[PDB]
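Here are the chains, one letter per residue:
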Amino acid sequence: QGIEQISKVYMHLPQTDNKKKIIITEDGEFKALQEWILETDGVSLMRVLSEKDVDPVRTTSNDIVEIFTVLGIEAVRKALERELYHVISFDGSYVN
Amino acid sequence: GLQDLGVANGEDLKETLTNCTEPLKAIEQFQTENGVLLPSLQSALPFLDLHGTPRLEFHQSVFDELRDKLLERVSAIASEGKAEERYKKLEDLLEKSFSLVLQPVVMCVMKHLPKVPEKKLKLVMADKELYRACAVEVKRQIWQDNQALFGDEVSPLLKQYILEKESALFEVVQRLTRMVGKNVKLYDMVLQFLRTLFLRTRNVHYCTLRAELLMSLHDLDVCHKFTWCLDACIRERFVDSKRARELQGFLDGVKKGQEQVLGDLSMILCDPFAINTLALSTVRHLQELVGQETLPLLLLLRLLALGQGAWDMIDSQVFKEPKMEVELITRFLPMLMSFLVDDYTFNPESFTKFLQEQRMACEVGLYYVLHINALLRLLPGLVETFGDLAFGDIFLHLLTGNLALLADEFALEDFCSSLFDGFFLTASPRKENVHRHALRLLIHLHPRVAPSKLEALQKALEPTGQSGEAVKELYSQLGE
Amino acid sequence: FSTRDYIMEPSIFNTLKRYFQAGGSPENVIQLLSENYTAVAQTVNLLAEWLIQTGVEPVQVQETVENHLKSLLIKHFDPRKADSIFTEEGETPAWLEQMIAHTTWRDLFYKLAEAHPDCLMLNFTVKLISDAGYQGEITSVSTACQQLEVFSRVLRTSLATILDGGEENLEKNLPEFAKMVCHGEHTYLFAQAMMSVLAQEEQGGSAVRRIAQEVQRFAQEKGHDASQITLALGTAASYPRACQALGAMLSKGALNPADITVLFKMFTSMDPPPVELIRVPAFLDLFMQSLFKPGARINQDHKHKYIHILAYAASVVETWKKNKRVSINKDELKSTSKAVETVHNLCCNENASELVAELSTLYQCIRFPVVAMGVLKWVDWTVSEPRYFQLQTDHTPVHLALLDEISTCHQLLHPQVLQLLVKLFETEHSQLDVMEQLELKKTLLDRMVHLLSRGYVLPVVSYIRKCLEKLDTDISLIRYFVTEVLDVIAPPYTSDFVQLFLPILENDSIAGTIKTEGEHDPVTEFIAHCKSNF
Amino acid sequence: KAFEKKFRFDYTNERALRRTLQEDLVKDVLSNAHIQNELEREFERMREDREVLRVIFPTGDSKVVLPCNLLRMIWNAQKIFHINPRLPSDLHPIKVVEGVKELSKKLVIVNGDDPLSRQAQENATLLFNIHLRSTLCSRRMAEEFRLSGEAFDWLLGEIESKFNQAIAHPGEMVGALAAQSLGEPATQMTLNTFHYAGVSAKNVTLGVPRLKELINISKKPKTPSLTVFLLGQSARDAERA
Amino acid sequence: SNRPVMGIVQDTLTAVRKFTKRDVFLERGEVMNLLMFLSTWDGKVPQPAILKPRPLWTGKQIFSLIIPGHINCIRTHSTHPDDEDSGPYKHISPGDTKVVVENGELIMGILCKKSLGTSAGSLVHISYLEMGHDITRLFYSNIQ
Amino acid sequence: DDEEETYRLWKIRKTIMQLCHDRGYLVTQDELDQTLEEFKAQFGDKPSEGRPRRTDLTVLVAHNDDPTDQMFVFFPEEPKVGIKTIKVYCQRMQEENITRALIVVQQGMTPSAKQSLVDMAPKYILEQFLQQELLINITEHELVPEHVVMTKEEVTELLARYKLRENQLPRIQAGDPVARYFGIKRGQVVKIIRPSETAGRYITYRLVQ
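Protein chains in written order, with full-length UniProt numbering: chain A, 1299 to 1394; chain B, 4 to 104, 109 to 177, 199 to 250, 259 to 332, 338 to 388, 408 to 432, 439 to 546; chain C, 51 to 401, 404 to 586; chain D, 914 to 1154; chain E, 530 to 673; chain F, 2 to 210.
Derived by calculation from the structure, the hints in this document are not laboratory data. We put the beta carbon where it would ideally sit given N, CA and C, even for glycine.
Partial pick of chain B residues on the chain F-facing surface, computed with a CB cut under 8 Å:
id : residue
1  : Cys265
2  : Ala268
3  : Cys269
4  : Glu272
5  : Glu282
Between the sequences and the hints, there should be enough to build the whole structure, so can you do that?
Have a look at this one:
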């Protein structure tokens, strides 16, 4: 059972606002909804989306080579932007 | 004004209260009363609004009529045109027409009035069509304007085409409105009107009808679809070969019929942009054949199709024109001679005169493409052929070639183009005279022909009695 | 003699008066007579009503919309400059017509909009509300209860509704009753006098005194300082020193050792006062706050005095024969003192093996009710202290079994136990494993299903339906609750309980709930019993 | 509803217009319905701008980087000109709208009249124009700020000058500047800043080696992690999770 | 990081914090000793905060003399109570923990690292934004 | 699983229709988004040993305008496609008048047939794809911004106005799956509209090379 090149996968509720999903409550408010998300220490991407019930819009990884081979150079541009910004502003320090 | 049951009752009440007592309270009670309005609200209105007007109630009734039209549209979209909803809408429209002489009734008729047996009677009653003929697209827009408004648009369409031709020598919204007010019978009437306009104009109306049909097929069209696709392919790539091959295959696999192929060929022939694209494609095919060195082959089939399209307007209920392979080879022999002269330069006259004497749209297009020692000899032969032809389309192509030569900026070529433009302005009508005046205003960059060009423009304005020629002479005098 | 009008027949009296007595240059009179240049507005409204009948909606919705539009137009162009003048001038026909037909929301809307002018109109509206069989169902405004008759009648209707309903009505309509019986303190005092006479009447006196207790509590968080006033209504005002000391202690909201020695000394006596001054629940709430706190250790010089005061408050009885006490009991206050003293020592030493070894004796004390809810609120404070969950063996089994034993021993503590459990379930604890939080919520549901087994089933299923409708929790938690409830229930079934447990049972993955039952089919038998009942 | 009550500047509330604006101002606003049409058009434009902002920021964050601190220029203009905003305003909302539109045409990043150039210019200063129109909405000027005309056009000159200083000069060594400006926080930030946790937490191992492999992307990173989101009730249920 | 990087060193930072503490009552001789070291001083003595019984100035007055230009800012102290913000006394600080400066005059607030250091939107940062960089340099020197 | 297979085939047809719509071929709304249950009623829910199977659900879709060039898709029964089978497919393009074809291989596609498709690509253009890469969509991702392929007139006026050339323009690799999804040949320019955190929107320009 399962897919290949994947180790034991953890799950959690993202307490942080950006990672937990946000909906537009119709009065005009951004409401952050906490919901169970998964995290694989062994990435098998596009196979994780070949599997059922997964969100294709919100699925993102921490590698660069595979998303270069699949999602393209502008996508890995935005992804490396997000990852490097996260790593630098982990301690709250801002960079431009 | 409008005389409904309530209007007649109000008129009778006014006539009865004009005299014979008619006290205020009893007269008001016998004349009018508000069923929806509460008596307490009616009593409190005089003490608060100071005899307020019923305009707020009228605006509320107008909003309720708009909401009723929206509910009728919702019912027609949910039940798929329910019979009970359609009957209720027709009854409401008839009541509104009987009461008010009718914005809500017109809105209801425009929202849902399909197959109105009483809608026909309502149109016959409002056969004047001051505002309702344009407001009611269901009745007035759909076959109501076929008798008179269609002819008025056809005359305005011809005027717009003439104005566009004048602007080119010096529509879309109407077609979109005609397509919006279109049905099966409306499309049949529009096709008949386009055929009549094409027969009257000798090709301009056919080109306009073909353009309108192509525009509808691009947006809201629904062998006509294949013809529209072929026309769109030709417009996208006039020099393209796949679209031409598809059109030739469709023409080959199109069975003979009663006037349908004749009308399609007539549109393809007297389509001006289509004619220019076909001439450009024929010139490209001739250039490719000359490059390959395999002259006689789809070029002969394309030339035969162009000749059949040209003859479809001349003769009705015809199949096509003769091929004439020997004549095509004789015509292409001057092209081979011109190519040999160009090769000799980079390393005849009797045939050109014969081709100019013969009436040929393909020959005129070849002369226009050529205009746009051996080369010098071929150029005088091409000029002689153009002078022997002396057609309006040939004159327009010669004006385009003269503009191209002026853009090229050759001295001797400029002098020859100025002489040809003067001859064409002398021979042709006031439009050709104005074109020659513009070509002479752009001409005479050298000082040896500038005063001569001004004298020729003055002599053409004086001898040309046309108002366009006089305006061109005045513009030339003002410019220089 | 003008004859120039199209729809001016509505203003016919004014037009006739203007035509009769215009004189000079009647240009303005002619303009007023010919102002209605449009067609007959009433006939156009009748035609619009006929069109609405022929259209989609042939109902009275159009008439209701027209009445609402007329009321909105009146509210917009309300002549507030001379509304009082017009009302006090005429006051008969407009008020009479409004009360006869348009008494839905027009008068109440005008009163709640301004309520300062139009004294005659306000009096007419009050008279109409009094003459109506339903007493003031139109004028329910917190600032419009400044009239004695209207406020007394609204108080009568609200008290009748509360007494007709009961507990399930008590958790719903008491804020909207308290919002006008606590709006003005003079109205509060009048209501206190009325229902104090009602409590002096013996039958229903317990329920009335409970209403007085909760109104006094609501006034306490609202901002009233009516503890001395409640004491004045009570018999404790007969003794001036006792009344002054008790009022000062209630106003302070804490416990004073010198003042409580004074209370002990006027107590422990051969002629005790009537017990209600120590039976008032706000004073016992002060003892709850001061005594069984996890912190705030008392000096324990008068510890026996505190414990004896609690024993006298929660133990002794009396027989009121013609408002005279001649038979009292004092044999249970010693055991109550021993239990409360043991619990106070447990709260003082606050330590876990010895805590369990004394938890056995603590359960033996939990058999007492005052001990039970003191331990309940102590557990509430201890768990509600943040970062309490840093070590678990069965998701705080000692305190959660204290909850179970309290619910088992006393059925009346179920609302407070439910409030604590739903507060703990609503609070999200961070800095913990997601699976550990999941199992903690599961164990909270285990305790609340224990409450369902003890019989607080209608509010438990109600809270499940409420928390599933709003702030949707985990489907695994809902499935686990449903599976355990079907495990613990058995036929016969009450139709109300089946109806309350229905939609939660037939939504949200019944096939997901069915995992490994096999021997006993919970949901299939529930379907069979529901179809047999309904 | 809060956006409407904060940015509509409703003209029907005559008492509100008497308190906010002068008598000539309210009578001119009520007389000229074209002014009310311009305010309604501005309100529709800023509603579309609110939709654009909710598109560009799906996250509920209102902090952004901008060349100007417009609240501070409002405060400075107020305390320079001595507004005393207890008194009603003396500036017309139509003057506010024409001033903010004139400034919006004043600032330029891409020159030329190519439609491509104009589209690029508008996409470049799209967010900043939205922010400045949001701050310069007529309701906030008339109610909350109440600046005079001299304060208003002096403010417009100050904003134009500050943005003109805020443009980027050409020829600056931006690439080496950026490489250094990212290298320095790497020097400040520590690889030992990760103090781990009781749970595995997927072994985030951010820091110096993480930034290392981001600088030179390795085909086999030390911890290639993937974050997975589900669609619906599958994630809502822990059992389906 | 669009932040100031000059900052204020630790000793002068702690000293100016104790100087901007609310209860500073400074003798006339000491104020006399202090107001030579302002380079950008206008040359006129300011009014003392206390006039009777004795002429006493205050540290906020002296810092208002220090600050050139007219800058408006609000900053929060490191020990500022958010519940004090939420409830009453939001404009009358019991602990003087709301750094408020208006028109080049320091109204209230105990200056700290969060108000004077490398923090974004700091007083020296907005000073370098508004008036001259040389003026801000003189401001640093006068402070020191 | 039979249900998994029919769900996969439904998603394959759905993404093929969406691909054709985004590419610019005339696709009706019902095929653009039809229900999985509607497709099951259409074809029979049983791809395994049943009346629906491969090549049965192929489409021949014409362009929005100029319908002379039309695309059509191949679904070989074999997992690993055969060169003889793609030669039979070549015979099908020969008997058709259209030159645009796509191939869907269940497993890896043979390098001999890869070199073959490289060989006969200029005469008629054939593109191969894999089940997962056309089972999932790429433009639906929030990480992926908007892509529009620009035409030659826009390219010429762009280079004229910015005074730069095609080598100076930043490139995008031709074998990238974005370019494979959009069907873009060598040296062709695509604009990208991307959401910009500091400026709202950005318009960047890339060249498939």
